[PDB]
Amino acid sequence: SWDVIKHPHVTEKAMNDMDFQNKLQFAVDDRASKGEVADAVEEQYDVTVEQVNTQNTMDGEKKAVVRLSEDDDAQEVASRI
Amino acid sequence: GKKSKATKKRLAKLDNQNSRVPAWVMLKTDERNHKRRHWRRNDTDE
Amino acid sequence: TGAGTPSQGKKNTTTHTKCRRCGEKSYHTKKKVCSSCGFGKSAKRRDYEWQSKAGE
Amino acid sequence: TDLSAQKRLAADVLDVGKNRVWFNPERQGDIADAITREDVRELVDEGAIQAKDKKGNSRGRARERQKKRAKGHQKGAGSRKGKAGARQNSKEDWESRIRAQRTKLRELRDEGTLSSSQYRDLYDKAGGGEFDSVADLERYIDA
Amino acid sequence: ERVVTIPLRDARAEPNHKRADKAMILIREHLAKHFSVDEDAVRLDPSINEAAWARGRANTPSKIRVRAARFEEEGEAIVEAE
RNA sequence: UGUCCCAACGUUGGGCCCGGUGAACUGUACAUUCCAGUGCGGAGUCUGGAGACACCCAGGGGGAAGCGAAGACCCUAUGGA
RNA sequence: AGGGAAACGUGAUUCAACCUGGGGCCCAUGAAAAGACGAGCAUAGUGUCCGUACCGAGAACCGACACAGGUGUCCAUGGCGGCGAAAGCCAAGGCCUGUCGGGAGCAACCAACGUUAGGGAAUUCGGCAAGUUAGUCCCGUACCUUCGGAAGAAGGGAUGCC
RNA sequence: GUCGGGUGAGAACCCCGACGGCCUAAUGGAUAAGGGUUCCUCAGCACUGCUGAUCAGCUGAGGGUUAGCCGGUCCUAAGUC
RNA sequence: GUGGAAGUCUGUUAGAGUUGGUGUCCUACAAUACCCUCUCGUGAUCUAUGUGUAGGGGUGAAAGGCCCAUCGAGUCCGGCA
RNA sequence: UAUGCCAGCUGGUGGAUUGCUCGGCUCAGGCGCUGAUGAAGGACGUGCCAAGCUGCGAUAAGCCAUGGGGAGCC
Ligand SMILES: [Cl-]
Ligand SMILES: [Cl-]
Ligand SMILES: [Mg+2]
Ligand SMILES: [Mg+2]
Ligand SMILES: [Mg+2]
Ligand SMILES: [Mg+2]
Ligand SMILES: [Mg+2]
Ligand SMILES: [Mg+2]
Ligand SMILES: [Mg+2]
Ligand SMILES: [Mg+2]
Ligand SMILES: [Mg+2]
Ligand SMILES: [Mg+2]
Ligand SMILES: [Mg+2]
Ligand SMILES: [Mg+2]
Ligand SMILES: [Mg+2]
Ligand SMILES: [Mg+2]
Ligand SMILES: [Mg+2]
Ligand SMILES: [Mg+2]
Ligand SMILES: [Mg+2]
Ligand SMILES: [Mg+2]
Ligand SMILES: [Mg+2]
Ligand SMILES: [Mg+2]
Ligand code: NA
Ligand code: NA
Ligand code: NA
Ligand code: NA
Ligand code: NA
Ligand code: NA
Ligand code: NA
Ligand code: NA
Ligand code: NA
Ligand code: NA
Ligand code: NA
Ligand code: NA
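Chains as they are written, first to last, in my numbering: chain A, 1 to 81; chain B, 1 to 46; chain C, 1 to 56; chain D, 1 to 143; chain E, 1 to 82.
Bear in mind the hints are in silico, worked out from the structure with no lab data behind them. Treat each hint with caution, since some may be false.
[Stated by the list, open to error] Simulated DEER-style distance windows between Cβ atoms:
#	chain 1	residue 1	chain 2	residue 2	range
1	E	21	B	41	31 to 41 Å
2	C	9	A	30	35 to 45 Å
3	C	9	D	76	31 to 41 Å
4	E	46	D	8	41 to 51 Å
5	C	55	B	6	20 to 30 Å
6	D	35	A	30	32 to 42 Å
7	C	55	B	18	40 to 50 Å
8	D	90	C	7	45 to 55 Å
9	D	8	A	80	32 to 42 Å
10	B	27	E	49	52 to 62 Å
11	A	71	C	15	47 to 57 Å
12	A	10	B	16	17 to 27 Å
[Said to hold, decoys possible] Dumping the calculated EDC-like pairs for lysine to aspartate or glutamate here, alpha-carbon to alpha-carbon at most 16 Å:
#	chain 1	residue 1	chain 2	residue 2
13	C	30	B	43
14	C	25	B	31
15	B	5	B	30
16	B	3	A	59
17	C	11	B	30
18	B	9	A	76
19	B	5	A	76
20	D	68	D	42
21	B	8	A	61
22	C	11	B	31
23	A	63	A	29
24	B	9	A	30
25	B	5	A	61
26	B	8	A	76
27	B	8	A	30
28	B	9	A	61
29	B	13	A	76
30	B	9	A	59
31	C	25	B	30
32	C	31	B	46
33	A	23	A	59
34	C	18	B	45
35	B	2	B	31
36	C	18	B	31
37	B	35	A	29
38	C	32	B	46
Cβ coordinates follow ideal geometry from the N, Cα and C atoms, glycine included.
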C-alpha cells in the first residue's frame, strides 16, 4: 500500500511560504486528494491543517501547499526534520 | 493545447530522460546519451 | 495553392496517439482504434503473415 | 553588465512600457546588483530608475481647422472627397427634418393655434414631403 | 587645441540614405590627419554626432565646425561641436 | 507615351577590393591552339602546316556536337495500362 | 475599501458593448438536451478530481532549416486625415533579430526605378511593358435596349487660402 | 543605425544613455490548435546561431504552474462505439 | 417624396481568387516562392472546429480533377529472387 | 626560376591489410504449453548520487525458508 506523504518539498519558494504564510509544502502521492493530504499531515506532525492546495508537477509527482492554523508554526514544525 | 494527467506524466518522464550521464558514471566506467531529444529538432510521441 | 509546402501549414491536427494497449504512438484518437495492435477493433492482437517473407 | 532583466522588472513595477524606463548611466553597477523587485522599487525611490513621459498628439492645429469649418470655411468643392450623400446621409436628414416639422405642428395644436383638423391636414402633407423645412411650413401655414 | 571646419562633401559618394554614418567617419578621418593621430585615438563628443544626425540619416550638413584638443601619453584628440 | 527612331544621364541593391563564414554542379586520360585534310560521313588529341614564353584578374558566353534527363517523336517487343 | 506625487471635476455631443422595439424576405422556415425559473428566510458544514509554465510565430506550431511559404478567434472606437476598418503622418505598445561586416563618386554588366529634346506605335504576332485618365460638385450625354439598362456614355465648367 | 560609455582575456552586432529610425488589424495586447519545459535563475561556449559573441530558444545544474465561483467535468449536435 | 430591393455596381475593409508581366527566382526564401498588375467581395459567399464517404471504391458545377509533394485506378507490406 | 610535372623521404589524413573474436549462420540431441488464482505484451515507477541497459514492483537491482557455497560482497 502507498503512503500519502512522500517528503517535504524544500526550496526557496517553499521557505517563503513557511516563513511568511505558515505553509508547509510536500511531495505527495498523486492519487491523494486534498483531504487525504490534510489528514496525513495532521497525524504525522500533530498540527491543525487549515487549507491545502495541490498541483501535479512536471516532475511526475504531486505537490501540496498546506497552510497550518495560526495556532501552529510551520517554521518550528519543519525545523525538527 | 490541453494535456491530461497521464500525458503530463509522460512528457515529464521524457524531460527527465533528457538529462546527461552523470560525471561519476564516467569514472566508474573508465569511459554519451543516445536518447537526447531537443524540443525543436526532435518530435515526441502521441 | 500548392499541395506541397503551402499545404503543410494546416497540419495541426492530432490523430495517432500513444496506444494504451501496445504503447506505440498509433492510437487514432478520432477512430479510437490503433493502427498497430488493433486495440479498439480486435480483442486479439493485430498480426498478418505478410509482415514477413512468406517462407519466414 | 547586463541590465535587461531589470528593465523588464522596472517596467512592471513602474507600470510602464519597457521602452520608457530609464536607467541612470552612472549607476549601472548598482542597478546590475538589483535582483529583486524590491531592489528595484528602492532604486526607483532613489531616482536611479525613472519612467519617461509618454507623448500625446497635439490637437492645436486640429482645433484651428475645426473652428474654420464650424464657421463654414475650408469645405469647398476642392476639399470634399466623399460623395455628397456620403457627407450627409439623406435618410438621416429627412428624419431630422420630418421630426422637426412634426414637433412644430404638435406644439401649435396643444397651443390651440391649430384645430385637430388643420393639424391633421398639415401633418399628412408633411409626411408627403410638402415642406422643405419648419420655416417653409410656418410660411405655408400663414395662408 | 584649435577650431576646425570639416568639409563633408565626400559623404555624397556614399548612398544618400546613409550620409550620417559616412560623415561621422569623415570627421574622424579629418582629425586624425590634421592632428597627426591614429583614428583609434580620436574621440568625438556626442554633440558632434547629434549635429551630423540632426535632420535624419540622409540629410547631413556640408561642413561642421569642430573644436579639438591633442595630448596624453599615447597621443589622442577629443572633439566637440562649437 | 523611351515600344521605336536612338540612346543619355541619374537613384537604390548588387557587382569590384578587404575581414569572417563557406557549399554544389562536374571530372577516362592528356590538354596553348588555329587553318585545312582525314576518320563511323560533325576531331583540342589522327595527318600536314601555321601559331604558341609562364602565371593571374575582369568580361560577355563562340566551341568542348558544354552541364542537366538510359529520347516524349519514330520503329521494334508473340511489353504494360 | 482601494489606488494616486497631486488634483482626487462638472456639463455636453456622437455614441462599440449591453438592452428593448418596428418593418421586410422564403418553391430556403433557420438544433437539441441538460439545466434554470415557477418555489421564502437564519445559522452551520461541505464544495473532492484534471488543466493552469511558456511560444502562439519573417526563431518555440506544419513545411528536413532560427524556411520571404502555410496557420483559427478577440481587440473594427487611439490622434490628424477622409466616405472610409483607405492612403499618408503620429501615439500607446513593440522593435533596430525580415541578423555578417569594412572600403572604392562606387567602372563594365544586372535587378528595381526617375527624367529625357524633336517625332509619337515608325516597335511588335499583338501597344507586350510603361504611360494617359483620376477624388467631389454643376452642366450635359449618342447608337442600341429585354425599358431594367446603355451611363461615371461622350463632352464642358468648377475645385486653395483669408 | 551612429556617438559616447558598461562588462569582459576578447565586443560592429551582450548591456546603459543620447541622437536617428522601423511596425499601427501589426512587428502591439489576449488566445485556439499544435509544440512540450522551450518559461525563471545561476554557471558556461566543445555543439547550435547564415560573421562574432561576454548573448541565446544552445550546453549543464537548480527552480517554477496553487481555483467551490476560469476552463474541463455535465448536456445534447452531425455523427461514433 | 418616402422606402431600401438586388446570386446589383465601386471598392488591396476583412477575406477569397489568381489575368498579364511569359518580370524576379529557377543548386530558390520556397520540391509551386516574391513583386506589380488583375477578379470576386450579401452570397450557388468566405472560414474554424467537429463529423460522414476508401481504392475498380470515394469525391467530382466534369479538368480524367481530387482522395496527405503519390492518381487514366492512393499508400504500405506480401505474392517476389 | 616563379606557377608547376614525375618519383621518393619525414609527418598527416584515411582505415584497407594481417592478426584476434564476447556475435552470427547451420546441423544435432533433449524438452515443450501459458491465461479470469488476470497471462503474454505495454506503461510508469524503483538506486546515496542513477541518463541508458538489466533486475525488481510502493516489501520495487529486492523480503523469507531449505539446500549448496564461502570470505568476501554492495
Ligand atoms: Cl419604430
Ligand atoms: Cl483553461
Ligand atoms: Mg488545480
Ligand atoms: Mg530541466
Ligand atoms: Mg496529391
Ligand atoms: Mg433614399
Ligand atoms: Mg600539328
Ligand atoms: Mg532510350
Ligand atoms: Mg506515342
Ligand atoms: Mg493491353
Ligand atoms: Mg499564463
Ligand atoms: Mg531569423
Ligand atoms: Mg520624348
Ligand atoms: Mg507596325
Ligand atoms: Mg516592323
Ligand atoms: Mg498593360
Ligand atoms: Mg530565457
Ligand atoms: Mg547570463
Ligand atoms: Mg455583387
Ligand atoms: Mg468589387
Ligand atoms: Mg471539415
Ligand atoms: Mg481529356
Ligand atoms: Na521529489
Ligand atoms: Na518538437
Ligand atoms: Na524610361
Ligand atoms: Na563558351
Ligand atoms: Na477618424
Ligand atoms: Na547581429
Ligand atoms: Na417610390
Ligand atoms: Na499574381
Ligand atoms: Na486500386
Ligand atoms: Na513483392
Ligand atoms: Na522445452
Ligand atoms: Na542508470
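| Hint numbers not upheld by this structure, sorted from lowest to highest | 3, 4, 5, 13, 14, 15, 17, 18, 19, 20, 22, 26, 29, 31, 33, 35, 36, 37
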